[PDB]
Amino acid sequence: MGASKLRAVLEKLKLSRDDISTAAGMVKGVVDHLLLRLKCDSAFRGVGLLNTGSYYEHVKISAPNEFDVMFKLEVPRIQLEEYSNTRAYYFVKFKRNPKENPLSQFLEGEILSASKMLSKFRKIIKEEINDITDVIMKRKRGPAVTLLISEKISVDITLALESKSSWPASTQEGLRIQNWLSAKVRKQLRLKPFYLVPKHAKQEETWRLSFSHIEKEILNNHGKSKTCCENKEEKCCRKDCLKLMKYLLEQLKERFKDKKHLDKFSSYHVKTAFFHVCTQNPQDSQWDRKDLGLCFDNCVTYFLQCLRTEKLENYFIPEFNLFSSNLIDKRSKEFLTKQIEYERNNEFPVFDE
């Protein structure tokens, strides 16, 4: 219950709205030009922009000079094959689509090559950018490409495949929103497409499931009550809490920047944990504005338990553990645990620094 202070922090974050908005505009102008270029290419005919991520969830609170952008590509009749026993990684094949389809230039045997596709994606964007100081492309550190706009704004660009078929079985027990949002809503959401982003596992040519569009839909229609946050009597602190969790993690990564201890943690971990706290606390009355202090403390406490037990399930794919030993070592989780505990015990000093 340090609610008075948390409000002041939120109020401070609002002062960044204009810079972030101005920056978003420049990114948009550039990313629109790029989309027009991509659409001229045979391989990327059904390419489109996916308006997802923190900016579109109204939850981007820092870093006017950093954006993530996702392009989507409609890929009909996809066949998936699970990579090993990872529940989130897959190989991509096609259902009787061998020829007359421009995407087949990207095949290696029967599987679609992420590496070939990304290389052509990058090459197209580079060509376009080379045809036009105010926009450059950073060289490879491996998020397909990264741009620098006006020598100032860094934009990470991700290509995603869109599949309109039903979600893979590993999502069967995920998205536990039945008692928060409804069974009805869960049914409707699961009829929507899923996405696949290029992502190495273990190793190569695998793709990882992505649901950034569902995450956006939940965040922008987030109450048990259909009118949550539409009137003064129903202002909940759910987004405030998510904002504070993200800022906490950003501020900590900034503080221990010289250490490598915090490099593996990202806002996705915070966002994932936050959705789990929404599931555990399904009623809007558990997110009363006046209880901002208790609610933020639930979020922090939840996040600490994930660290201590080394378990943070992907919200969509329950068997995919974001905090497994294979992704993040015990020492890093133990370091973050200690810092969060210190921070909580001292009314969050990093919120002023």
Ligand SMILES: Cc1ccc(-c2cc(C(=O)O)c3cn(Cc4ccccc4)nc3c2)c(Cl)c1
Given for the second form:
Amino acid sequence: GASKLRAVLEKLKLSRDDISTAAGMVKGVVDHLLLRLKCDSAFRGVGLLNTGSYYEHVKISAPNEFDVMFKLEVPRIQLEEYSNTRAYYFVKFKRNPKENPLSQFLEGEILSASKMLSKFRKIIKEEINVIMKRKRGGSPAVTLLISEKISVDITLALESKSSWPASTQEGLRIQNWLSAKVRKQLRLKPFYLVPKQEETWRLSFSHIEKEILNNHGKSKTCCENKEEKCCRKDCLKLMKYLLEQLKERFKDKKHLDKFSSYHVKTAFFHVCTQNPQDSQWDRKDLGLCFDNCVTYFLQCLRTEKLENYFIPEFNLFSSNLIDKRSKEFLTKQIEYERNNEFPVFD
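Switching conditions: you have the form solved without the ligand, so give me the form solved in complex with the ligand.
All you get below is the one chain by itself.
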């Protein structure tokens, strides 16, 4: 019922909580890079962005993939919304102390992402002497390979400590779950701008995940004792692992390339909004809770609808982001695993 799932989670526990020297290796590369970066005229205000710190992941199946975020404090920033995309913006400056650190990447009044990534990647490429990966880039920006296994996706982010853009006004619908006072508190935190043709930056709220995952119940005491243990975290882990295993089962094909743990996180958090009560997430009901996550995500692929959790009008499952053929393929593959007691969980 929930027995196979529990054992999958027991297997996953014996690799994470099991002495992973991987994170400590990643930390050493990042510390060395930040020191070099802070000596540059444009990157003197650089710093590690805590998304769980150095050990921020994507791959829950294999510790062979880490995702790190660097932040740059960009003050008195003016944002121009590109083509009413709601998520993509141009970065312009108020121009008070004109000769500012990032004035070297300006193309008129607009701040260039490719030219900022150019210097960033160049400084990292020479600081390596750990192997770099030219491959594609863009987003995730720099991709390093520690030894022969560990892969680290470094993303540079513009930090704005001002009110969140108007596109987010109806996003973060946590009022009936985490409360209206928590939503207000989270919305006082900064927002980030990441690169990815035009020199546009998308809004990133990745730092908010940790805030919510570590304090995820309607009850303030959720998972702090015996009678209040919920399966929300276990459902997220199983949803991530499902996509990761499906992405392995078809790694010789192009169909599941556009899908990430991000699509899985977003849909999981929309299930959280839909099911705000801790009783809708009981440990005993792990099987049905996971099914709700699986069902919601299938209804997402089928309708080509998965709204950005912070930007309701930005659709992560639009035809311009992922095609019908890739959505209809993953729909069949999940429906298969669901109708066979999940074979990837063997």
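Positions refer to the first chain, counted from 1. Superpose the two forms; the largest set of C-alphas matching within 1.5 Å is the rigid core.
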Seminar exercise, completed: Comparing between these two forms on the core: of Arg308, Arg289, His58, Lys28, the CA moving 2 angstroms or more sits at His58
Problem set entry | Rigid core superposition, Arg96 Cα moves 2 angstroms or more between these two forms | yes
Problem set entry | Core superposition between these two forms, C-alpha change of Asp19 at least 2 Å | yes
Seminar exercise, completed: When only the core is superposed, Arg7 shows a C-alpha shift between these two forms in angstrom of 0.2
Exercise. Keeping the rigid core fixed, what distance in angstrom separates the two C-alpha positions of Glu151 between these two forms?
Worked result: 3.5
